[PDB]
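Enquirer: One-letter residues, chain by chain:
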Amino acid sequence: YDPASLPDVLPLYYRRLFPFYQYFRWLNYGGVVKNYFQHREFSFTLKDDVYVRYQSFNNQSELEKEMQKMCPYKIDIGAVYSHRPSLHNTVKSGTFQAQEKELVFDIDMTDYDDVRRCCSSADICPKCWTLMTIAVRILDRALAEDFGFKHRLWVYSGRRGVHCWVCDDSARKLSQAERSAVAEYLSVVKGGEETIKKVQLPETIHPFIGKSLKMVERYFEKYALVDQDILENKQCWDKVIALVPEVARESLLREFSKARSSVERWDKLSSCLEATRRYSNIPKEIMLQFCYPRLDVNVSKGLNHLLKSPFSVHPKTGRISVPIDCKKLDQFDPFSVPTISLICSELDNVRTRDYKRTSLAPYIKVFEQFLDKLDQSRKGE
Amino acid sequence: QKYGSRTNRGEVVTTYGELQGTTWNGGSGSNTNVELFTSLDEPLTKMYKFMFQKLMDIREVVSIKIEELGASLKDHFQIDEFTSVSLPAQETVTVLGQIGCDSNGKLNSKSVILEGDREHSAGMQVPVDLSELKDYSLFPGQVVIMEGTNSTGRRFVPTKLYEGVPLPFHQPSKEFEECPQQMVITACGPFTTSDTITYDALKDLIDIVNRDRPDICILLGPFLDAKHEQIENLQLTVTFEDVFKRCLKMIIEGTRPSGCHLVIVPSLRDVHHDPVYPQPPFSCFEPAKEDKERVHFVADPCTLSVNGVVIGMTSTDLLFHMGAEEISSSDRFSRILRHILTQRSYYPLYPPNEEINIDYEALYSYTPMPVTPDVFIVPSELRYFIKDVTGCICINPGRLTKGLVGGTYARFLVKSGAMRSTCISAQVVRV
Amino acid sequence: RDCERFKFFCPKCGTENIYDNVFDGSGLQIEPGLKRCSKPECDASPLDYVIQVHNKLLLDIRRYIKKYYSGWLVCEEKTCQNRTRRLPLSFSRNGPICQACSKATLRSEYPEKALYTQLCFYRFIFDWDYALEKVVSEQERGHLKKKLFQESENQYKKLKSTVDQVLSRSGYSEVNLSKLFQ
Amino acid sequence: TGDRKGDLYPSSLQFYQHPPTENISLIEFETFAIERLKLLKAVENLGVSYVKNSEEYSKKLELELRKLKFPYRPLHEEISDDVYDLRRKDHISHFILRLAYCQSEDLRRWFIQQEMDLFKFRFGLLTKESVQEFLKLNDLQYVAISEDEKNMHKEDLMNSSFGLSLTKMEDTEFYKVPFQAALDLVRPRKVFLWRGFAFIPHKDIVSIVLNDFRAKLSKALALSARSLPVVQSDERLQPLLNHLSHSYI
Ligand SMILES: [Zn+2]
Ligand SMILES: [Zn+2]
Ligand SMILES: [Zn+2]
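Residue numbers (this note's numbering), protein chains in the order written: chain G, 97 to 477; chain Y, 2 to 432; chain C, 303 to 484; chain W, 1142 to 1390.
Keep in mind the hints are simulated off the structure, nothing from the lab. Just so you know, even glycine gets a beta-carbon here, dropped at the ideal spot from N, CA and C. Among these hints, one or two may not hold up.
So, partial list: chain W residues that the calculated Cβ filter (under 7 angstroms) puts toward chain C [claimed, not checked]:
1. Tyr1157
2. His1159
3. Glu1163
Simulated pairs of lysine-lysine, BS3-like, Cα-Cα distance not exceeding 27 angstroms [unchecked claim]:
4. C:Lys448 <-> W:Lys1210
5. W:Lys1146 <-> Y:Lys50
6. W:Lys1295 <-> C:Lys436
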């Protein structure tokens, strides 16, 4: 993909591929609340990194128009305000307030850098994507069981991670404090680059942590012991040794000198820890420190946060921010995600059904199913 | 002793109207309908909390009195503009205000001041020079409109004093066109001799009532006088309420044979009642079930409707109060009565006399005269009279007892739509 | 401290009795004020002439109400001290402007607070329960909380009922909680 | 219910939501105001001197409440006239003090603190039956999980509540609350969440009740400070309310 080719393709996509009808269905939420779509904030990033916010639109036609006119490189969705953002200058000071917004989570592979060995920075590979695969299951289950949020849209971020939009009416009316509470409840791996032991579970395992460890276990052997090989050599297993009390460290080292496979080393570590009881949760702390999602509480706490819009185009990879089907999560491949260049090649190879002829169709289908569920909830209620 | 041996019993001391026989008879309140005059303002029928007057409230009440009367007079006289009283005036200007005395004594022609209202004068006063006024009659608290000049800015010189404008009489409905003439016997306290507490004059009056069978009996206080020598020196062996209850029982039970509607008006001299004007009605007596429809405990002042005839009545000695303060250029009682009627208040004197306690909010709410009454009962220590003032029959029946000697009462006949001769005949008679 | 005390002339001896408290005396010698005359040679008990006490109380209440409604105003300036019954409509921010000097405010000679305090004092000098709780000591309270004083207690309650009735009709003794809390 | 009583005062504890509408005397006004000021000052002094859970605190507070004749204990007899009177006292006095303690933020905070303390104490003296009655009369609608559902989530509940023993847990009943109200509990993960509801044990319930109370009370004080000009014109009540905080008791 040639990023110099981005300015050539962006218009066509925004003209014949961007799913505006479903997009308006989403952000309009069945028209129940008046001025809901009209008070939504958008922000655009144009060529040469020119940023504009407090953009609002009257209806789908105005949005389609101004978007096709601007051809933005980035589209971010923001809060629904007390008035129309376009007229925020006209609103008396203090009377312009963000009132409702989806509850959103951003999981970014870059935040896992201190604990992955295959890639670094913005590089991803099939060996590390399983971490995202774990996160979506660990988090989404909580959101479906502990909090009872029923309408959850998971979206690929385009490069390094995934976003989650929780769109239940209750989740859209949550205050800042309630959002911060939700984020802290879901958050376990606490600390920066200056801390080595980032998980310190108490004697009692809270049911949520038990279910997160249960989800982790299913994948741990493949991710950590086979793929990541977190015990390949001394430079790496020294870390895991650094994560357990010194008392057994020596006892482990000799054992790790006689083990040929990291699965064997994990068995040995588990046996040694079991023999050594307050430390019976130490293996769980290691698993969490290598597998549990990291959440930027600043992303989810603030109501006025602008997050990458679904079906955006990644300025560098060119991939489309496509929704991820929860059931088919295990089959999701971030490298097969349609790029803008591929879908423009597909478009120029054959009115409201043009996208069905591209590789974008199944993802718009997943989005349509999610919107159908939202409509059913709006009606039934 | 002196009262019991009197020789002028039944003498007619004053007469007015159509001559009637030596004996008067009534309908015993058969075809009689007595109520309170239904005007825009609600009547005073229950006690109101008093003893708490803010000077600001008094100011507002007085100012609105002046303003309202001046507005009515301005509409009537087609006056263009009122001018501030205090400002100098080299040419003739029309000024609205109220009269007063520059000192605490009694008003005289050299002590007259005019105080304006808040709307046109910011409440400012000005001395008045009555040298250029040929004819006038002024009392304190009188709302007046005058044409005059103020050349020095310090002394107003009136040249014209606008006359008063009485309210229109009542236009009775035809509902009472077929009702007969009604007989009213009115008496005012004190009801007992100065040296007795037995109510002998009241017994004589009750006998007269049962004999003549009037349609209405209007009894004005005091019923237990505060100035009674026995009351002041604390020689009474029973509580004031008990004496008053005995008196009211005597009145009500003794009038049972006559079947006469009794209208009881309190007086500021009633030692047992709340000392405040306008006085609320008596509320310490519950008439038996057979007298509930006959007894009317009304307020002071009262405007009563009797088969369409409007009777104004007040226990307060208005004539004595205003005679001590009215100044005239050259009948004095007729002038005072016309002043009362034209000011459209049952107590237009300000400041009041020393013997009356005035709650000014209640005064504002319950002293406006709704219309000009057909009959106006004004008992006074002055001599009894029956006068015709601007078509209103003003009756002073005196007081039933004058010290140690018996007094007088009045009897009159009222019919709605007669001939304006709503008062067929009236007589001040001796007890 | 600025309220007039209750003066009652004994019907028998004619000596003035000043009442300023429910109880007179100290210790076991303490008895209600209206039990014995102030003159040692006089054996008359004012509690016998309670009708007269009631009448005098009503007359005094009338006197104080008349004093209040007289509406006497005095200039606050020492060098003016103008005394008038007439309230002028010309007001400054502080109240009526004295028309003698035109530079000082007219103050009521007998304000509403004075009358309210006088009525409250007349209630106080007949408040048996309040005197027992606050004014009276412990041994004195014990001596007064027995029989031999029940009749005096009943008469004092009746006499306090009069002042309570009068105060119930005063706009300065009722608080309308509806107007405060809305 | 002798002469002029009613169902206006069902329970001892109340949130003080509805202002009084009666016409009281100035003497009653002053007596109630001063008495509740004494009660609140006693609460503050005992809170400073002793630990609020201490038995000395409870004994001294009960003594003060008895001395000033305020409602502090329930009575499973009926609404006796005397009891009614006491409750009326409490209800009027509270609002009077509101008028006294809304002029300045400092004052407001002080008032709120004392009131909360008193309320907590009174709740601590409520029998379970009475407690439920209260929770119903104010539409708090705390149940309360069934026994069957409790057995259904037995292990989750056991691992949720810190320091809860198996049998002791069997002896306890939880409540279902929307998670938006248990922020302080959920945030450190000390209460189980299932389908948007937290399962909160009982000692703790007073906390939630108090939270609600505090919210309401703060709002009320704001409104009172907004309605101050109407009261300053009443000279009779100005010396008291403007200076109650500095009144010798
Ligand atoms: Zn990788
Ligand atoms: Zn004596
Ligand atoms: Zn002066």
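Enquirer: Was the hint right that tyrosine 1157 of chain W lines chain C, CB cutoff 7 angstroms?
Expert: violated, 11 angstroms
Enquirer: Close enough to count: is the Cβ of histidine 1159 of chain W nearer than 7 angstroms to one in chain C?
Expert: Violated, about 9 angstroms.
Enquirer: Was the hint right that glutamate 1163 of chain W lines chain C, CB cutoff 7 angstroms?
Expert: Because about 6 angstroms separates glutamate 1163 of chain W from the closest Cβ in chain C, which is inside the 7 angstroms limit, the hint holds.
Enquirer: Between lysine 1146 of chain W and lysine 50 of chain Y, is the straight-line Cα distance small enough, at 27 angstroms or below?
Expert: holds, 25 angstroms
Enquirer: Does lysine 1210 of chain W lie within 27 angstroms of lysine 448 of chain C when you go C-alpha to C-alpha?
Expert: This hinted pair holds, its Cα atoms lying about 24 angstroms apart.
Enquirer: If you draw a straight line from the CA of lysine 1295 of chain W to the CA of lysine 436 of chain C, is it 27 angstroms or shorter?
Expert: With Cα atoms ~62 angstroms apart, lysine 1295 of chain W and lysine 436 of chain C exceed 27 angstroms; violated.
Hints 1, 2, 6, counting from the list given before, are not met by this structure.
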